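Coming up is one lone chain in structure tokens, specifically the form deposited in one PDB entry.
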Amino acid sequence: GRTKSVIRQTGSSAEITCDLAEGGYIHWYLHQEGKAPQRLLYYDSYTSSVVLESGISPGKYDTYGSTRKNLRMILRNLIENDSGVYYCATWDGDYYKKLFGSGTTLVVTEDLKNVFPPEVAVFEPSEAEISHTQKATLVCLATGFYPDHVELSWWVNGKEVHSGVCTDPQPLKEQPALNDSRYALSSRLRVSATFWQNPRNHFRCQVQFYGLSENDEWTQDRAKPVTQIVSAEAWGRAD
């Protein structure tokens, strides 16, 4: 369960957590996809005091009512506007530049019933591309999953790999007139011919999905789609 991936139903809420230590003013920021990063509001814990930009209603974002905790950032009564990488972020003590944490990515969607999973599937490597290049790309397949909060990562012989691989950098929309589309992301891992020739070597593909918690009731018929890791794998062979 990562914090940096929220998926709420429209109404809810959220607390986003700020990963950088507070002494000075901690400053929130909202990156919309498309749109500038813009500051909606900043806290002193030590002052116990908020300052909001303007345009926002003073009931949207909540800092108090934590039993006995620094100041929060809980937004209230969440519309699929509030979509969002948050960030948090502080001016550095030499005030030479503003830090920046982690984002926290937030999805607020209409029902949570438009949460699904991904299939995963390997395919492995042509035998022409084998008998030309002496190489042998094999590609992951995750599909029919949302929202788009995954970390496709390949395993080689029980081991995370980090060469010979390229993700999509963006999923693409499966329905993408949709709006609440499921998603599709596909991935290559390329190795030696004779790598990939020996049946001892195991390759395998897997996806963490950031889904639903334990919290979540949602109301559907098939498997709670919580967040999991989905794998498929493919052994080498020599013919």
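In this text, the rigid core denotes the largest set of C-alpha atoms whose superposition between the two forms falls within 1.5 Å. Positions refer to the first chain, counted from 1. Compared with the form deposited in another entry:
- In a rigid core superposition between the two forms, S45 is the single residue of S181, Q208, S45, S186 whose Cα is displaced by 2 Å or more.
- Here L71 counts as shifted, since its C-alpha moves by at least 2 Å between the two forms after the core is aligned.
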Second form
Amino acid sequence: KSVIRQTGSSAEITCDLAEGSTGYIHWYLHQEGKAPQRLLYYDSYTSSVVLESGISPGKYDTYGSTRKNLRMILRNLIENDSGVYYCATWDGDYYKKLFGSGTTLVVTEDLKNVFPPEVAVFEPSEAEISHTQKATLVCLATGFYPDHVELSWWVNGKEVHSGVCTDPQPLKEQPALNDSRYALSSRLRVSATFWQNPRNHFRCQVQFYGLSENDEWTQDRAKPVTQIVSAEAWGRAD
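Same protein, different form: I have the form deposited in one PDB entry, so give me the form deposited in another entry.
Here you get just the chain by itself.
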């Protein structure tokens, strides 16, 4: 779903669109603060690619079986290729055009800019416990790049959302550089009789998307692969 590449490499995204449909499948590019625009479409009846107005003929290409496994390869990537890429096709009735799942592409000048998050669970405030009888467990994933991270709360190893609340959009740690690396916050509300119970396990689970086993790493630092980093805390009787 999420891909990371360095400037000059290639990226082949896949189109998981519902079954087979009309012959033409269009590829759209969506960027933050900008209107989505089609880049090209693939003619299955001719197995050929047609571009849009002002695109160089070597940048994009499309191939494969259109039934849920249509591919789109980008070559000679630059920084401005980052964004969510959709694949779309019209209905049989041409009433609406279906859109598949998005694929986020992140392009950075240096792969060294990719870092895993630093998770830390914070115990509720005793003053907050007073006159509320509710506990606020705050999780914090920080120092990660890119900005996509899946966070969840697990109690006793059972994934629970009933009570959770999470940030909708990560926050840049230094909004001056492009390669910035962001942080994400998430709270959790628990009754006083439940947090005061010291036999409850609270595991804030954080899922990070980074490099893969096929990528090459050239740093003494541990390779920031797509991994899971989690932090935990236990209840206090007093």
